[PDB]
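The chain below stands alone and is given as structure tokens, in the form deposited without the named molecule.
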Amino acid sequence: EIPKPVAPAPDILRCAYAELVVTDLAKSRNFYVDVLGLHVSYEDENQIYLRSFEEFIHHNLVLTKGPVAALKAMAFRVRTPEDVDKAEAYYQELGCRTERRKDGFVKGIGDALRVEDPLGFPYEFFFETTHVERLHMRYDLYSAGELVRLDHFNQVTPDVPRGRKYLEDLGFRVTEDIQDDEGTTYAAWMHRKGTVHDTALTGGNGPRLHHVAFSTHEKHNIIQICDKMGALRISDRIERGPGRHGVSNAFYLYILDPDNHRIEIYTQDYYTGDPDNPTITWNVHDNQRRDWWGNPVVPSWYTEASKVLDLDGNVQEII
């Protein structure tokens, strides 16, 4: 069991961006910018910084060229600069390795703390970030499949109850979960910002990052992503969907980037910000928890997930 620290938890606002290592930067740019339409805040021959339509911070996704495709960091923004010090004290009390950089790990982020969390994931906590043009009314740039916000991460770990306790002490609130008759948690969705989730834990060999997710404004935007991929003759990169998830009630689509990192695009959220928001518990034997309409099962969705890196940049051993 991971103990609850005496030190106070940092006040986490929301998931904010992911840094993914990619192997061929130009092929990754073709996918994220030309196919998906994300906006380039900054790029060079080593990295591409991308943001969604409604974002004002510098980026939601950093693509970094490297040797092995993997998640390098899943970042959460905290409420105040002092919260980065709180995160540092917190994870040092849990006995985790931490690295602090007053001027950031990537461009457009200031004082930041990266840690190898108890579950083996590279989390980053930061407050300072370069504000850029919020594109929410730039309808002259709006694409038929526009990604409007980054919403959440989904993590694969072997012991979900152990991880759930740790995230709950960190302040995440479970909105939905999947349990058996004994009441054991098999998967949990948890939030800070008032939507179904900022991250989710699902059981399996780990640490691995199952996906990063963006939303669209409407369902037709998701359908357009599928239609565009079929016209580009890359429909084999659509993994699962479109469908409706029972858990989260999202209309979803999962596609695969050039290094096989899985990106979820979905639409339809509901408000979870009240402190007594009713947790929805789904039975592990209820098929509708996975697909409200009964869509056939896609096996790779249960077997494949991205490697994650430690603070030296090496792949974390998968347990």
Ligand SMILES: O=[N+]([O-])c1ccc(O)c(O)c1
The other form holds:
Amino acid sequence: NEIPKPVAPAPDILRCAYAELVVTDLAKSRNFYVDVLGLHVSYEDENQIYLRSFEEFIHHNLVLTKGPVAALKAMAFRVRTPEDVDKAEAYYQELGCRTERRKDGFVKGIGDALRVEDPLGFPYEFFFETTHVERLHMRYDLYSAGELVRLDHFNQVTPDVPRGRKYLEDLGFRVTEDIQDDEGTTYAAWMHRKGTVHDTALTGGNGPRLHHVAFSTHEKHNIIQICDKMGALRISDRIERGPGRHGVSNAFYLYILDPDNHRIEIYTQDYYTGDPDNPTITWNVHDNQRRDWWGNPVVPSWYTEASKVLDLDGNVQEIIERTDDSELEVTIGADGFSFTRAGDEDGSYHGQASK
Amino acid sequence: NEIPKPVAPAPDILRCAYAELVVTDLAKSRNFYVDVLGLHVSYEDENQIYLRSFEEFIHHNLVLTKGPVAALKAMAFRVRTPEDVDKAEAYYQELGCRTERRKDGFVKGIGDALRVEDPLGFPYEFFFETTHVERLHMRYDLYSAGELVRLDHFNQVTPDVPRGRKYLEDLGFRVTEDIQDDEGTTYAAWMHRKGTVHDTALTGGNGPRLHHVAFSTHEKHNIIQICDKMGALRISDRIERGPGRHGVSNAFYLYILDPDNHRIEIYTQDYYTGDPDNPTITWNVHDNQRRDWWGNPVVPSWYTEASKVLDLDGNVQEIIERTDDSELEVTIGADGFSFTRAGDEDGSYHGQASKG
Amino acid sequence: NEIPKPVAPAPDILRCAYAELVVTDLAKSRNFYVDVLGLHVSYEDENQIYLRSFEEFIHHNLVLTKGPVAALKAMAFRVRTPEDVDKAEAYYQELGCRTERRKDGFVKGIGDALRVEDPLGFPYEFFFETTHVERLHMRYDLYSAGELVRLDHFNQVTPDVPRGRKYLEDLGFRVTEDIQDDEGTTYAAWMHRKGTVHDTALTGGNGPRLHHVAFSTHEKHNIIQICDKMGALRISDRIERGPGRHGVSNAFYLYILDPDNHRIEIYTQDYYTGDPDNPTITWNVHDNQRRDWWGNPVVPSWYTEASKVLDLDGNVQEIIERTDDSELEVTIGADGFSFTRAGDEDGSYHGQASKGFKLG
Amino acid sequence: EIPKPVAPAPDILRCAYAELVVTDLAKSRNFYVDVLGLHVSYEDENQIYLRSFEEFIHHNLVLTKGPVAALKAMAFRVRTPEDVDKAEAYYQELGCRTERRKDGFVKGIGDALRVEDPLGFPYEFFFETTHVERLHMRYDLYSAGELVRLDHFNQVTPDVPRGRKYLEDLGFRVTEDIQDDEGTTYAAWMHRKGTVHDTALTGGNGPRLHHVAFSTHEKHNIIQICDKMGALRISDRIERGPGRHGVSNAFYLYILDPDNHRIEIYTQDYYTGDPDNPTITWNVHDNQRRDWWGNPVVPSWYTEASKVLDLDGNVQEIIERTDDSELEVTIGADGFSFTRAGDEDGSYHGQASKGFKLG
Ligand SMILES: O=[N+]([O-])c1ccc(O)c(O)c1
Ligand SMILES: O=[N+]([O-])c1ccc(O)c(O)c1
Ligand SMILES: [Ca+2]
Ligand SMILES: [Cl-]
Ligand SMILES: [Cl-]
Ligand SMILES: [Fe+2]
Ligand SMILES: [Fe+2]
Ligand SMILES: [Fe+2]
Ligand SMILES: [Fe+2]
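Could you please show the structure of the form deposited with the named molecule bound, as a counterpart to the form deposited without the named molecule just displayed?
Every component of the complex follows; first up is the chain already shown.
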């Protein structure tokens, strides 16, 4: 059942670059991503909105495409050279995956691009060529109190984390942190190319589903302001979880829900991982500071809800149920538990979440 | 039932000044307030620790007094003149309250002071005279990433909020914000002298009990650091609620628990209330943004748990039960309700707390 | 030349409330205060713009009034009761000052108001009645990265600081901080009613002139953002001084210049002064951490330039020259001196400013 | 011209640490540990080894007691052990003096190569290093001014294009630079790790070390360092700032250690890891290029820098810049700068911005 390593060389992946999300009401989505969140328009028409963060120079970090069923259509990684698109094609072909190459791109402002149904059922895109736009990094006349400054990562729900981890490691992603138990189950892994804690991450669950797309801010007060704004707009019900400090990654975070329930994380101030012997951190699944360092409870919807993903024909990918133990069940379910201090019943929670 | 307005003039109260808290293990409490929270020691011996915030010049903002039963011993307000302590004494005597006056103070660093058992059963102190100490407001060589800069307010649990409110208004406190419902019930009120949202507040519940004492920080990141530090110390279980943004008050906040479960709020960035026609804001009790503006749920312990208070002899005040509706029950209990948008079923909660 | 204490009781002043500035080009001024700084419009027409801060509930904190000569037309203080406007009139009449009373106000959204040519030549207004507006304190859908949240203070240039200080003390302002030297000269004083470091302040120099109006932010990053935005708009030449940490007041600060060179300070995180025995802090004029705690030099324009003020007829008040020693001259001038550490030659400056600079 | 070797360049990850010679170890310890809050990895009577809050390698700064304060080595970590062999072959082909120590020059570094590079600078290349407790979640230690990473070095060298070409051959990519309309280069910034820079060249007499830079999380952390220095009554050791840079867009501060070694505190520059990352060239007369808010650049910033040592520990001879001086063309008596290109309003002629002339 393992995914064999191709003999063909892996493409040299720089970073996560953009996501294409199918949305059902383009105007409602535009209000969320432009008016609430302040992303910058790179192109729009009656069918699509192309958006970028404050410090981006490539054409976009987010494409909103009107469609009948809300879903992730592609999660796109930029590769180092044009020849790396050829490498990506040969690599996935050797893996036995369905691939589609468009020499003029799938979306505006991207050139030669390869989309694939990857071995975990996810629609990945690889591209080098992209239309450069004005880098807005010093446009403080446009800067919002909640400004989103970079695209940081994706998070994928998949049933077998070790299987997916090994596949991503072969593609050159390096694991930085993970969550395990003493019995040897892996519940989640984080992995990177660009020298932050992650470009993508695997959350154990029924999949393929897209858990979230994450944008960063400069400072913690910028995340606070997003929350404050949502309260002023009386859409606080769309704040799912946070704001908090993560255990894994050490980042300050917030999770919010778009009009189609696509989950967006806002994230800041993780650490440098670019050294090849970067120390890998393993948390125990029962540690109540692993996800929220302050011990705040993880709402069940965070574990159970995630976005559909599409195949290359635009149809929804069938889901495979996780057979490994469930993080939700072992921590906050009827027979779950967590601790503040390992071995101490004081500050422990049994069959219950924290707080 | 109503508390009459005295003929005697009310004392001119400046602000909340300090609390004296009884604690059971002086060493454990010191470690919390000094090592974890960073408050500054004005004086300490084997029985008491006198602590002050970064910007304070009066002797202290907090006195920890070792004793057998953890409780509030005195909540103190400073008055404008020495003659206002005379006014306070005559005022509470007309109210028929027990009073006790000491020209040399009850605690170190306070001179002529009046303590009273007020009409709600709380131990109030009024004083003018205090020993000035080094104001540490520019001692950035001492400044902590979580620095507590000022004492901001107290919050009192009392069963009948309107009764208490009228009494505090006659005493010169002005109501800035409150929480009511559509059936004539008041659940909470905030009231001030110094021109911030409050110097004290009333929370409807069984009482007298002390809900919390609140200290300010300069910035929101200072509150975040307190949380981060508690995680590093592996004492995140002592974070009760927050961090968040309040609806009422608009302040950024955090609630933590000391070793005797006394609740401390960290608070920043409320607004100016010093004009006498300052607009009074009333929230509906079912508005899920009233306590946490982001809609985060209020944990039941925040409603049910609070500190004992002492009388002037040092004995615990008997608790009188609230008969008015319970904010817990009407918002997050089995028959509770809250809304995100008034009149919208979407984003409303029936018989449970927000966010799952 | 002491100003006597009246027998008539002083009005009970709450706080500074608004300033009326005469501006020469209303559109250019609106661009600065609304588009650059983010203040909120309460009312406007062809002649005036009425602006308020994020947390204000009275009608306005600033009125911009088109006129031929840019100047301060009124610094306004709110009093506690309607009766305090009568008290103000009686008080200033006893002081021998010219006064003008308008039962329906001088500017929109203010009711019964008294304006006075005060003993230092400044146009003060006292009022209680004002039209309440929507308080925007939780309108985070409007909140700017540089949001101005309150009006904090005024600062006045006057030739004789002790004379003015005594008069303001009789009026009920308490001095929180001052700058003096060891030879009896007062260079500046800060004084309050509302329980912050100040509602107004006196800066020694030729006057009457208005030094600045100050607005506060929530946090230091908000002030940084104003600077950053001015850079992006390529108007960094309108940043006069800062950003910095003050010694006096301990506030984080920035000084900028509007289209008519009216100086605006942005300010945050001073301390509580409401207790009646609040300790008064006196800094020595030669302490190089007194104005900028980090030792950064005070640009000469900060000491020399300030706005004209008008009398009740709208004519510019004549300027009276300061004869006391000049803060500029004694610190950064040719015979000037400043220290980092009292009594240490190392980190001291002789005949020049700090950090490697001299007067242009 | 410095030729491109046939031998492959070592794969450089990032700047890693500097070794600074200091004259009074206790006074230097007070500055770096007590004032700035850096974390001790090792110390004795001869040296102090210091790391930032988020570091896992042994150290980011070695303070070595010696007779003459100077930079002794600026060290870059390479990707594999074999890259140290590549460094050695590369610099030997360049004709540079090299010294190889299989067990390191300083504690907590293993196999290492030091070289006197073509610009006169003592560079070290290493892979092997002793891992230590990564303190990134130790909020019980976190100070209000916490220094979280080593970010970069800045080198003073007389001929910027000559140095830039050599660094490009070594794999560094230019992100930003400062030039004039007549083709003079005043400064260039260049990176390996995907930030604006790992090292930078400032036109001037050299070799000299301009500064070492550490990062903070947020801008308020830099403000606190200034506030703390005021409280300690050492504001005279704040040289320049705080400010926002034009070049790099980072929030910054420059301070001076007890031997006048300049330390920058820096935060919130941008991502440069894509290979077609857009370069940005600023005009030397643009008064927003160094401080975005137009604050004047203090003359000492342009004239003063640290000595550097050769592999024997002797001070490297200084070679004079012959290209135009940035100080002179901008803030000297014949200099000029502008706020808006072509606008006399907001321009400065023969003095610095904001009303000052040179002291
Ligand atoms: O600790 N977890 O909950 C994490 C850590 C990093 C992330 O970006 C995330 O989405 C989850
Ligand atoms: O803009 N300059 O002054 C710069 C920009 C970045 C730096 O790291 C520096 O030392 C100077
Ligand atoms: Ca003298
Ligand atoms: Cl609340
Ligand atoms: Cl000043
Ligand atoms: Fe994430
Ligand atoms: Fe409170
Ligand atoms: Fe001011
Ligand atoms: Fe630098």
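Residue numbers count along the first chain shown, from 1. We call the rigid core the largest set of C-alpha positions that still match within 1.5 Å between the two forms.
No residue in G230, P81, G95, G183 other than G183 shows a CA shift of 2 angstroms or more between the two forms after fitting the rigid core.
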